[PDB]
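In structure tokens, the next block holds one chain alone, the form deposited in one PDB entry.
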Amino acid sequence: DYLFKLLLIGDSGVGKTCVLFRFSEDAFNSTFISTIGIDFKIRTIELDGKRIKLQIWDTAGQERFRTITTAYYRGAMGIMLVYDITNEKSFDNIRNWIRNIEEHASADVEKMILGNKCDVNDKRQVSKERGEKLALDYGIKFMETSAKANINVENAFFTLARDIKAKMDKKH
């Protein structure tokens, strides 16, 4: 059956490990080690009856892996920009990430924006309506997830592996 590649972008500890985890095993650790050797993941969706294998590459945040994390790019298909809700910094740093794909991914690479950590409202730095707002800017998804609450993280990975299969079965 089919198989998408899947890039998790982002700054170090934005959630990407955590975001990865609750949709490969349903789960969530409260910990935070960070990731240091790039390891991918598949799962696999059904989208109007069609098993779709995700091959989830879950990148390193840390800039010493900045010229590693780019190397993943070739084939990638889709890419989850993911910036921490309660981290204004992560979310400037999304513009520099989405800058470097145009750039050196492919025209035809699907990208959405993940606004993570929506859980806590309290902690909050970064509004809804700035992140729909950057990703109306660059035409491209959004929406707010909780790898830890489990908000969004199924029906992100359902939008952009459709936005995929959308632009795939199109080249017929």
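Throughout, rigid core stands for the largest set of C-alpha atoms superposing within 1.5 Å between the two forms. Residue numbers count along the first chain shown, from 1. What changes on going to the form deposited in another entry:
- Following superposition on the rigid core between the two forms, the residue from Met143, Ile52, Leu134, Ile38 with a C-alpha displacement of 2 angstroms or more is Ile38, and no other.
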The other form holds:
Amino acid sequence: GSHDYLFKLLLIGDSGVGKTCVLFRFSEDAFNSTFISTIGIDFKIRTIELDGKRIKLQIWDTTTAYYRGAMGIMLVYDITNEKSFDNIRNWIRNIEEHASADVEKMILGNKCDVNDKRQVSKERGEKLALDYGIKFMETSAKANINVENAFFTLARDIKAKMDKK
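Hand over the structure of the form deposited in another entry; the form deposited in one PDB entry is what we had up.
All you get below is the one chain by itself.
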């Protein structure tokens, strides 16, 4: 090594988009468990393996002094809620103002399992992401679609930058 890695990640997005479920699916493989109380757990930690190294992810759930340690940000909307998607512009603008200069970013279109109630097309999300030069994927905390993908991707981008300088 013998460097150790702890990446502080932040979930941000409108109330109700699934931030807490994303966090608890990734860290406990749970969704609407009757055994887990989520109140008021501020973060969860999961360790992943990258390049043979054990990377600690400290993932926080819901102005500068708010983005203080954050190295990566998941910008979350709900594919069944157009307004939550529309507010992503605003979240991006806030992050640009108050977060670290080079914070790594990713947009998540969550609840992609609810296809009969979809209000935001995958195409709309992809185009918005492409416009800001931000990575994108559709997720489901319920079905465990792209939740690991999202975190592994962001972590890789943080590590790649950190391993340069």
